[PDB]
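Work the whole structure out from these sequences, hints included.
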Amino acid sequence: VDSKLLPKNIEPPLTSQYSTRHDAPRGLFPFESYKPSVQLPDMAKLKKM
Amino acid sequence: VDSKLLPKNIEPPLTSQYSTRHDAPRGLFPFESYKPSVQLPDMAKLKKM
Amino acid sequence: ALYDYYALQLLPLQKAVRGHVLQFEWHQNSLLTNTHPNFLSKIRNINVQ
Amino acid sequence: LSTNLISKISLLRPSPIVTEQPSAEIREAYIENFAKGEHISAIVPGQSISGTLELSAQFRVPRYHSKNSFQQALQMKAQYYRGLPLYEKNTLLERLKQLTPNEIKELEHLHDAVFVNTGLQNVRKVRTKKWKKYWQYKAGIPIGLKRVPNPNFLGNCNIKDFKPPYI
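Chains as they are written, first to last, in the UniProt record's numbering: chain A, 395 to 443; chain B, 395 to 443; chain C, 529 to 577; chain D, 229 to 243, 275 to 337, 441 to 507, 546 to 567.
Bear in mind the hints are in silico, worked out from the structure with no lab data behind them. You may find that some hints are simply not true.
Unchecked claim - Part of the chain A face toward chain D, derived, beta carbon under 8 Å:
#1 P401
#2 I404
#3 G421
#4 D436
Said to hold, decoys possible - In silico DSSO-like pairs for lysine-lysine, Cα to Cα no more than 27 Å straight-line:
#5 D/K563 <-> A/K398
#6 A/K439 <-> B/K398
#7 D/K459 <-> D/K326
#8 A/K402 <-> D/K494
#9 D/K467 <-> D/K451
#10 A/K439 <-> B/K442
#11 B/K442 <-> A/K442
#12 A/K429 <-> A/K439
#13 B/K398 <-> D/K563
#14 B/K429 <-> A/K439
#15 A/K398 <-> D/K500
#16 D/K487 <-> D/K500
#17 B/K429 <-> A/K441
#18 B/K398 <-> A/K442
We put the CB at the ideal spot given by N, CA and C, even for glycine.
This is the structure:
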């Protein structure tokens with residue numbers, strides 16, 4: 395007998411691949427200042443001198 | 395089950411997304427940005443090393 | 529070396545996330561007794577009651 | 229702008276299916292009086308799908324014996443249509459010239475066991491095709507895939561995505 399023709403349970407289908415967000419409390423994450431500089435520093439003046 | 399809507403946030407400055415400046419103090423974020431010392435004997439030392 | 533340059537392109541953004549994640553990891557170390565060690569909580573002397 | 233550099237610049241940087280009470284005002288009045296503990300005029304069933312699984316008003320155990328083919332045998336001391447393939451005229455006739463009335467009662471129940479299994483297989487397939495459309499209908503999906549939205553809406557959360565400082 396081919397599979398998926400075998401008798402299966404009548405249940406609510408799977409919710410495994412669902413995306414959840416989280417309620418995090420007030421003091422969990424720190425306050426962040428100083429945006430980091432992604433850009434590399436340039437040393438044209440040092441090698442020019 | 396009984397979800398409510400947060401109405402509206404009148405945001406003061408520095409309490410906002412993208413409210414970060416390069417001029418801010420890095421209390422944490424331990425990586426530093428260092429002052430280039432341009433002294434002419436130290437220039438010769440940097441050229442040699 | 530094209531992918532060395534790819535590794536030499538996105539390195540300080542990696543250090544920026546390595547700083548903010550470390551900053552939040554430091555935020556996890558908040559206990560309020562590591563900080564001010566005198567937090568006077570509550571006392572009461574001997575009453576007539 | 230030179231073509232030795234244009235190939236490398238982008239290289240270095242790549243940039275009728277349910278059986279509930281369909282009136283949406285008798286179901287509410289049923290619960291408004293049910294909390295008090297009162298019956299109502301109209302009837303209300305639980306939700307389900309339609310369709311009846313009706314056996315024994317369908318394929319029966321066949322009658323391969325006659326009206327007296329067992330007691331007279333007691334005296335003389337004796441490709442598929444539904445589930446069985448149609449046999450040829452000459453090949454099956456000598457096969458039924460071999461068997462005994464001790465095995466006719468076996469054969470009747472074997473063929474009934476084939477018939478009931480096929481008549482359950484196809485209804486089971488139709489029932490799965492109905493339940494797969496029930497569960498989609500009861501979950502907001504339409505089929506086969546002034547309003548105000550609640551916070552449990554797809555895309556209307558209250559937890560806004562906070563951005564990192566480097567972005």
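Consistency of the hints with the structure:
1. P401: Constraint on A/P401 satisfied, holds at 6 Å.
2. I404: holds, 6 Å
3. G421: violated, 15 Å
4. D436: A/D436 check fails; min Cβ-Cβ to chain D is 16 Å, beyond 8 Å.
5. D/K563 <-> A/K398: Not satisfied, since the Cα-Cα distance of roughly 45 Å exceeds 27 Å.
6. A/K439 <-> B/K398: It is violated: about 58 Å lies between the C-alpha atoms, which goes past 27 Å.
7. D/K459 <-> D/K326: Holds. D/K459 to D/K326 sits at ~20 Å (cutoff 27 Å).
8. A/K402 <-> D/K494: Given pair A/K402, D/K494 holds - Cα atoms ~12 Å apart, limit 27 Å.
9. D/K467 <-> D/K451: holds, 22 Å
10. A/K439 <-> B/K442: Holds: A/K439 and B/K442 sit about 17 Å apart, inside 27 Å.
11. B/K442 <-> A/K442: With a Cα-Cα distance of about 15 Å, the restraint between B/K442 and A/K442 holds, given a limit of 27 Å.
12. A/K429 <-> A/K439: Holds, because 25 Å separates the two Cα atoms, which is no more than 27 Å.
13. B/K398 <-> D/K563: Status holds; Cα separation ~24 Å.
14. B/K429 <-> A/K439: holds, 14 Å
15. A/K398 <-> D/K500: holds, 23 Å
16. D/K487 <-> D/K500: The given pair, whose Cα atoms are some 20 Å apart, holds under the 27 Å limit.
17. B/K429 <-> A/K441: It holds: about 16 Å lies between the C-alpha atoms, which stays within 27 Å.
18. B/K398 <-> A/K442: Measuring from Cα to Cα gives roughly 62 Å; hence the hint is violated.
Hint compliance for this structure: hints 3, 4, 5, 6, 18 are not met, and every other hint is.
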